[PDB]
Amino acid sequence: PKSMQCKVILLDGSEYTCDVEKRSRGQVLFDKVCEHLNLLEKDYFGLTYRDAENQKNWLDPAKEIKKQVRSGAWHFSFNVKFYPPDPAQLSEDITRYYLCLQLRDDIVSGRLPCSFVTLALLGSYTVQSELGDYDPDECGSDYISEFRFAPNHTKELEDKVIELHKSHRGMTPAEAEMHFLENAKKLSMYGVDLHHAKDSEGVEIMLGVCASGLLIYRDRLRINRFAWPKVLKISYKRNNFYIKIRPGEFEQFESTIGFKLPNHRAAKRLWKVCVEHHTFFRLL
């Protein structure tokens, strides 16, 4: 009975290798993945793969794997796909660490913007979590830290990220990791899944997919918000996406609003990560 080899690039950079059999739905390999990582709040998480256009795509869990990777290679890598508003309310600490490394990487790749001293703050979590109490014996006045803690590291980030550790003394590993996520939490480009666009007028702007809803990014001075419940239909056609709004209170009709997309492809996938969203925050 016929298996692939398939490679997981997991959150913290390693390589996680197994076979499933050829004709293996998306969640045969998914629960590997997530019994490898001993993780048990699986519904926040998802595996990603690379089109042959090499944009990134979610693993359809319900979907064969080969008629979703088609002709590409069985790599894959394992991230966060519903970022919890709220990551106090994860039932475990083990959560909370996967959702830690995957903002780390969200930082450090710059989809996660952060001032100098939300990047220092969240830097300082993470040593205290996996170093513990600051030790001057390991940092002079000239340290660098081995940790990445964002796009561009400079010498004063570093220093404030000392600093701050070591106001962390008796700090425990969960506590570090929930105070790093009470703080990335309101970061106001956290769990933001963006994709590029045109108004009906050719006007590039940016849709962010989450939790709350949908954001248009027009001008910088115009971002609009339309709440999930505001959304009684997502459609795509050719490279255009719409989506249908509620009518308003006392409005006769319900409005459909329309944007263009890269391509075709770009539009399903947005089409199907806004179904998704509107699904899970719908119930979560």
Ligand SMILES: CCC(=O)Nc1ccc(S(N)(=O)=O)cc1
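Positions refer to the first chain, counted from 1. Between two forms, the rigid core is the largest collection of C-alphas that superpose within 1.5 Å. What changes on going to the form solved in complex with the ligand:
- Only one candidate in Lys56, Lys230, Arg222, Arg70 has its Cα displaced by 2 Å or more between the two forms after core superposition: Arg222.
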Given for the second form:
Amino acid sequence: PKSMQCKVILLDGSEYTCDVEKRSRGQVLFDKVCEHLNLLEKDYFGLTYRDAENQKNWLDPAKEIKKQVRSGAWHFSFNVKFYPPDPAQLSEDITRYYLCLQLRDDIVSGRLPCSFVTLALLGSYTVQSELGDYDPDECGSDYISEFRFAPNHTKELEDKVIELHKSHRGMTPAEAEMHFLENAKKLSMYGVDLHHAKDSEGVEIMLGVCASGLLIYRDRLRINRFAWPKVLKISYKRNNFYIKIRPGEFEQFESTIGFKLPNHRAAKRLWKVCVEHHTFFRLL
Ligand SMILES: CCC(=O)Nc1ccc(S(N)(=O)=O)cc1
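With the form solved without the ligand done, generate the form solved in complex with the ligand in the same format.
Now the full complex is given, and it begins with the chain already shown.
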């Protein structure tokens, strides 16, 4: 029975290698990765791969791996798929740990914009979780952490991480990670998956997919929000993506809203992640 080697980049930046039967469904690989990670609260996570256009795609756990990666390498990343709006309601510390690791990459990558002070506060909790209590002997006036905190590091930021780290004496790792999450969850771009699009007039917008619905950034700022409950039907056709909105009170008709995506595969990807968010955050 023939097996294909899988390589998975984990959220700590390390590479997990395993073998699955070549006709395996995505769930098979995901189950192996989650067992490796000692992860029980698996519903929030997924694997990604890069298609022939180099676009990130979720690996569908219900479909054959070979029919998704097609002509590409069996190489994946382990990622948060559904960002919980209240991470304190997760049952296990280790789930919150993996969510912290994802958010640290969201921040360094610039997907999750963050004020100077919030960058320093998040960094101070990460340092407290990983090294424990502040030790002066390790850090002098010229200290620069190995930890990546931000898309652009400054000496001022490193200084502010140290100043806040000093305030966290006695804090345990789960405690520090919970504080990390209480701050991160409030950020306006927390768990927002952004897709480039044009409105029905050709004006460049971003569509953000998240727990609280579909966001339209008509400028660079959120100019419209469609909460999932209002959305009855999501669909795509050629390069276009549509949402069917519930009739408002006393309104005769539903309303269908249409957008232009970069190509047909980008419309399909946006449709799939919207359907998946709608389902997940309907049940949560
Ligand atoms: C940051 C982790 C990641 O890769 N997320 C992801 C992956 C794929 C898509 S999709 N299928 O293009 O909508 C959206 C978001």
